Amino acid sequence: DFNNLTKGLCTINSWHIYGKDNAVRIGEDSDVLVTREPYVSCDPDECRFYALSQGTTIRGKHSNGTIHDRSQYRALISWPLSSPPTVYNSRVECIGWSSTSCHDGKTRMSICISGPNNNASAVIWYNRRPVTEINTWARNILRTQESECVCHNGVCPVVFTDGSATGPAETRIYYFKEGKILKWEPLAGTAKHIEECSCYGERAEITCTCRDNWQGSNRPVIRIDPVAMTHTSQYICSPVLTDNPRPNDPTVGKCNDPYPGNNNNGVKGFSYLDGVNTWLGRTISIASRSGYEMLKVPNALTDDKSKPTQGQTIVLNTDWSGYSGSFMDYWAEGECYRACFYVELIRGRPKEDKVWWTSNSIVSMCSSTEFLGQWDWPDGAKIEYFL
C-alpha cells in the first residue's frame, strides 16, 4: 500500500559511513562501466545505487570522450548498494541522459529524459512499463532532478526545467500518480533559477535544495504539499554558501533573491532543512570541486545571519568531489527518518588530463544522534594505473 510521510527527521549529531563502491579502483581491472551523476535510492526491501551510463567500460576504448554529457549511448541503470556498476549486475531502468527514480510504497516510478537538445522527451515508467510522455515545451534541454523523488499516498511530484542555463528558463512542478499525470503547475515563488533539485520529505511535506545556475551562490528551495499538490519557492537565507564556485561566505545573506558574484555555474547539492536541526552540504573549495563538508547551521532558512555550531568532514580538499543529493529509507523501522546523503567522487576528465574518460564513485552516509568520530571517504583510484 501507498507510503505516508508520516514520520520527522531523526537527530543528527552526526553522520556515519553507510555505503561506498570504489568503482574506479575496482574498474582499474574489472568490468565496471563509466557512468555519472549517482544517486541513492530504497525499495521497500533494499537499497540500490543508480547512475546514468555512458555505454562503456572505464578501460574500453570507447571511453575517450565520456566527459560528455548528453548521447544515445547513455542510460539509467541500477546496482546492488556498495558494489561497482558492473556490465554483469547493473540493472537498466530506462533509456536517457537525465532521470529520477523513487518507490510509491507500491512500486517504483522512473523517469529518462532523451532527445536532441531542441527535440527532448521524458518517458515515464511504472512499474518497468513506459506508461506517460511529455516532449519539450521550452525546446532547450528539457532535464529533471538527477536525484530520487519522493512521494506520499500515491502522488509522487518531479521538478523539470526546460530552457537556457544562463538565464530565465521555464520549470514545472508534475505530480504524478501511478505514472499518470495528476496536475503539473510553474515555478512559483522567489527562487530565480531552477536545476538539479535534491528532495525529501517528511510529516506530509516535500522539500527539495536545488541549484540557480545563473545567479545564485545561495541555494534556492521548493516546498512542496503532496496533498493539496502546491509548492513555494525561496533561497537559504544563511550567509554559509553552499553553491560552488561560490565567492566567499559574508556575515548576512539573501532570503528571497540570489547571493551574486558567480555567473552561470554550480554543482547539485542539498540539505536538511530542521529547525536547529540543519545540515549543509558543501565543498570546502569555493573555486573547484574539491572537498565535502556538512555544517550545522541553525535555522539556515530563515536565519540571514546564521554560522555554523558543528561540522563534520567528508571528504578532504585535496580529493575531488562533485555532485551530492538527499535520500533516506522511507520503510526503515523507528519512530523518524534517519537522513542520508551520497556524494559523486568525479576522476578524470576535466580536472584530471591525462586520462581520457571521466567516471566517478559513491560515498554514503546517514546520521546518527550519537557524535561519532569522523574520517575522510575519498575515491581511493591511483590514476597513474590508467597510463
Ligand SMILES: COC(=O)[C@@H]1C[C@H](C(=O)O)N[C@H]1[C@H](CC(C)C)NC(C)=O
Second form
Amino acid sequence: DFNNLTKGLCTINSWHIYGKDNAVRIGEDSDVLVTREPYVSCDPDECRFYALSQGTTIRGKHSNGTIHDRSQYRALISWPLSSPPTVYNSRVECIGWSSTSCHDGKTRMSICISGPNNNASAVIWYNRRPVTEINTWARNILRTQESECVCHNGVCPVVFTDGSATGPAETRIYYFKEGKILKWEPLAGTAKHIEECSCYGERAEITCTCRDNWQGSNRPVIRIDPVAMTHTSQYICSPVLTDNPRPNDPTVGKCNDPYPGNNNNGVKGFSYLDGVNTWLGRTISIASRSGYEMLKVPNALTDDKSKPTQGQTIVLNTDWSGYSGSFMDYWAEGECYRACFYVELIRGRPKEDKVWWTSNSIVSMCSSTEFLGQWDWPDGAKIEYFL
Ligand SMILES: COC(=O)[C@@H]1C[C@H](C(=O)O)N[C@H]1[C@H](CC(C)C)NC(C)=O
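The form deposited with this ligand bound, contrasted with the form solved without this ligand above:
In what comes next, the whole complex appears, and the chain from above leads the way.
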C-alpha cells in the first residue's frame, strides 16, 4: 500500500551521525564521479545517497569545467548509503540537471529536467519508466527542489519554479500520483520567491523550507496538504536568519516578507518546524558557504523574536559546506518520524581554484532523543593532493 504520513516527528534533543561517504578523499585515487546538489532518500527496504553527476570522474580530464550547473552530461544518480558515487556502483535514475525523487510506498517516482535555458523539460519517471513530461512555462531554466519529495497515500507534491532567479518568478506545486498529474497550483501565500525546497512529512502535512534567491535572508516555507492538494506559504518569522550569504541576525524577524540585506543569491537549506521541537540549519558564516550548525529555535516559524535555546555544530567554520536538505526514513520501526538531514560539502571552485573542478562529498545526520556529544564532520580531502 502507499505510505501515509501518520506519525509525528520524534523529539529532537541532538543529532547522531547517519552517513558520510568521504567521496572526494576516496575519489583522489579511485573512479568516483563528480557531482553536486546531492541528497538522501529512502525506500521501504533501503536508503540511498543521491546526486547530479557531471558525467566524468574527479581525476578525469573532463572534470575541468564542472563548476557549470547545466550541461548535457549530467544525470540524477543514486548509490549505496555512505558509499561514494563511483562509475561502477552508481545507478542512473534519469538524465538532466535538476531533480527530485521519492518513493510512495509501492515504487519510486523520479523527476529530471534538461534542455537549454529557454526551453527545458521535465520527465517524470515512476517505477523506473518514463510516464509524464512537462515543458517549460516561463522559458527560463525550469527547475526543482534538488532533494527528495514527500508522498501521502500515493500523492506526491513537488515544488517547481520557472523564470528569473533574481526577481518575480513562476512557481508551481504539482501533485503527482503514479507519475501522473492529478493537479497543479500556482504558488500562493506570502512567500515572494521560491527555489530548491527541502521537504518532509508528518501527520498528513508536508512542510517545505525553501530558498528566496532574490530578496530574503530568512527562509520561505510552504506547507502542503496532500489530501486536499492545497498549500500556503509564509516566511520563517524567527530573527535567526538561515540563508547565505546573509546580513547579521537582528532581534526581530519577518513573517510575511523577505528579510533584506542581500539580493540575488542564496543556498539550498532546510528546517524542522515542530513547535518547541523546532530546529534550523544554517552555514555558520554569513558571507560564504563555510561551516554548518543546527539551532533549536522554539516556534521559529511563528515567533518573530525566537532565539536559540540549544545547538550543535555539524561542520566547523573553517571547513566548506554547501547545500543542505531534509529527508526521513518513513518506513522505520517506531512511533515517530526521525528527522534527518544531509549537508553537501563542496570542494573545488570557486573557493578552491587551484583545481579546475567542483565536486563535493556528503555528511548526513538524524536526530536522537538523547543529548549526544558533538563532533564536526569536514569533507576531509587535501586539495594539495589533486595538484
Ligand atoms: C543544479 O544546479 C544548481 O542547483 C545550481 C547550483 C547553484 C548554487 O546556488 O550553488 N545555483 C543553482 C541554479 C540556481 C538557479 C535558481 C539559478 N540551478 C540551476 C538548475 O541551474
